[PDB]
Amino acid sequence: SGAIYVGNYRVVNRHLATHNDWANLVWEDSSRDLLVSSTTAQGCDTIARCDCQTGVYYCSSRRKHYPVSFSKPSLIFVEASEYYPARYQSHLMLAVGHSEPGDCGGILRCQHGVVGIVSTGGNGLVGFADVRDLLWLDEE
C-alpha cells in the first residue's frame, strides 16, 4: 500500500483505489495502474520534475529503502501478478530489486522529489509507475 499527497490530490495504484477514491475521482488510467482522487486537506509531497534514473524506493516487504538505478518510463510487457493479467503497462520504469504485490504504493524518490510508486514486481525486478509527466498535479 501507499499513496502520494500533492496539493488537493491523492495518487494511488488504480488496483488499490477505494470507493472514496472513485467517489472523488480526478483521473485514472488502467494501462499506467494510476488513479488520482481529490482531497479536502492539502498534501505536501513534492513531485519530481526531471529525467533522473537514480533514486531510492521503499520496499514494505523488507522494511527497507533501497537505492536503485531505473529505466526511463516506457511501454513494457508485464507478466501476470495477483492483481493484473499479463499485459502491456505504460509509463513504467524498471529497476533490479525486490517487489511483491503488497509493496505497491511504495515511493520512489530522487533529489527532486517523488518520481513514482511501486506498481510491478517479480523475476528480481521492481517496476514503478511514473508521475513526473503529470504536471497538473502541481496546480488547481
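Residue numbers count along the first chain shown, from 1. Only the largest set of C-alpha atoms that superpose within 1.5 Å between the two forms is called the rigid core. Compared with the form deposited in another entry:
In a rigid core superposition between the two forms, 81 is the single residue of 60, 90, 39, 81 whose Cα is displaced by 2 Å or more.
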Given for the second form:
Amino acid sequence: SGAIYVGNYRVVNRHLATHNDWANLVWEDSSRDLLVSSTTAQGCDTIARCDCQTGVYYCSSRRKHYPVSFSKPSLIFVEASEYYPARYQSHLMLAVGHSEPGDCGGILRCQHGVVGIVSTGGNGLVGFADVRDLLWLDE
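Same protein, the form deposited in another entry this time rather than the form deposited in one PDB entry?
FYI, this one's just the chain on its own, none of its partners or other molecules.
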C-alpha cells in the first residue's frame, strides 16, 4: 500500500484504488497501473522533474529503504495476476531489489522529489510506475 499526495491530488496504484478514489476520479490508465483522485486537504509531496536513474525506495515487506539504479520508463511485459491479464505495462522502470505484491505503493525518490511508486516485482526485481511525465499534478 501507499500513495503520493501532491496539491489536491492523490496518486495510487490503479489496482489498489478504493471506492472513494473512483468516486473522486481525475485520471486513470490501466496500461500504467495508475489512478489519480482529488482530495480536499492539500498535499505537500514534491514530484521530481528530471531524468535521474538512481534513487531510494521504501520496501514495506522489509520495513526498509533501499538505494537503486533503475531503467528509463518503458513498455515492459508483466505476467498475469488477479488484477490484470499478462500485458505490456507502459511507463515502467525496473531495478534490482526486493518487492512482493503488498509492496505496491512504496515511493521511489531521487534528490528532486518523488519519481514513482512500486507497481511490479518478483525474482529479485522491483518495478516502479513513473509519475515524472504527469506535469499537470503541479497545477
